[PDB]
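The chain below stands alone and is given in structure tokens; this is the form solved in complex with S-adenosylmethionine (SAM).
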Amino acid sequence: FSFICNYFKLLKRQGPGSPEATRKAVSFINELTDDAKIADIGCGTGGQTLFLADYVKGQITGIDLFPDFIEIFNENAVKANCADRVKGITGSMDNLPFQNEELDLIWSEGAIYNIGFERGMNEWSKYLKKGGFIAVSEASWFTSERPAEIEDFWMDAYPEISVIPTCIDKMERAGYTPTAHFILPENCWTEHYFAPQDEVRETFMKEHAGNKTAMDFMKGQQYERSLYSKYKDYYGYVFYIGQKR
């Protein structure tokens, strides 16, 4: 996970999503005030953080591991006239710089997988006020059994990938009222995640054409689309919205 970041820092989104998905997740939380405190964990370049910026009031704080991403985050915050309430800082997902019950809303798209769904649900709770909301998108199964090929890919990539019923079950455990959940539209993958990867494929494939590692990675990125186009009926990203009791 080194040069890879120099690939993703180009893209406007490092994970599947769309302005519609973020906006729909927002429709399930309570209205916020300019004095609210928001946190987008695993924000990345901040592609979805800015969408969220137009959908809710409050001070948003994006947190990512890689400083190169955070660097672009603020770059965009300033180019959007909202550097005042939209600020990105480098940090970790398993050790957040938040006081207990300081946050009104915890956001996270295609990043919870880094520390485990259940673990994140419980560990992040601490930082949320009573009645506060948490909204995260996560890859999940849509059926009870799927094809071998696709099953392998995930069980190896992310072992905690479970069916939707199981995730919601983990939400109650962590003390969350399972407000809602919805599968992410197919365009979130193809239009907003894959299609943009073609805009920067050639410029890239040139700089690393002779590198074995870089090639196996590129083939990996192309293998994901192949898998999605072939098993878009068995898995995908699911948005989970809950309210801390």
The other form holds:
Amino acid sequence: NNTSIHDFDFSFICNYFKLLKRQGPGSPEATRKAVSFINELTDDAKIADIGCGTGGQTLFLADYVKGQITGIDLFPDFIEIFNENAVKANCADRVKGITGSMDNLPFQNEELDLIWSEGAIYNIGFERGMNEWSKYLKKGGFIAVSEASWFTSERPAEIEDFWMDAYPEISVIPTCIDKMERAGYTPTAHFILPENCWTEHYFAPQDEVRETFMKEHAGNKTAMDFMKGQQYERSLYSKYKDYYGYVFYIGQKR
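Other form of same protein, the form deposited without S-adenosylmethionine (SAM), not the form solved in complex with S-adenosylmethionine (SAM):
Below: the lone chain, stripped of partners and molecules.
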């Protein structure tokens, strides 16, 4: 009970993450590195960041590429924060957030030059996203998504159980690449995100908001179980990091 991520209201899991810049591992270097594999864009390019959350990673993407960037998320609270940050970053003219589904995007067929997504705020699955987002991408356009992947053929039961529950579609890197290619994209590149994408840019920032959050919800049993949960995930990383991590996959629609 309360040991699984599936055991929490969505308006609850988000009431916590709206306090953070990133809802998943990542970094300015990792984003910059993924961009080094796509074609250069102009101010007239159309880019979509699916499951943008509060937009932390979306703003770093805007520093490395030109074009109109539309951030899409299911939770309206995240979008509200996203537009506030774009305003605070003085780029709300080219960086806009809207609410919407990840499996039925508000775009025309072949309207985008780039599709971007870094594991955060719900997930429809790697294979499904590869095949479904395709229609919205111009031919020759690029897709770049970061995802939790297995780094070995087999791992300790503890980490496997964890993922078979949190995200059952997690697979070895070879399988992700195979799925990217079958979805019609040339598998341009893949690279494992450095440890700092986890510790420095994801876990640490949570140490900041911890205090206020605890003071406020120390009386709420469900909230304290959520916290013990996040702390569990952090300790799972320090312990099993050699068996899993985030991987950036970049591909070009054929």
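Each form is matched to the other, and the largest set of C-alpha atoms that superpose within 1.5 Å is called the rigid core. Residue numbers count along the first chain shown, from 1.
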Worksheet item: Of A111, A139, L103, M171, which one has a Cα that moves 2 Å or more between the two forms once the core is lined up?
Response: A111
Worksheet item: How much does the C-alpha of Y240 move between the two forms, in Å, when the core is lined up?
Response: 0.2
Response to the item:
Here the CA of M205, compared between the two forms on the core, is shifted in angstrom by 1.2
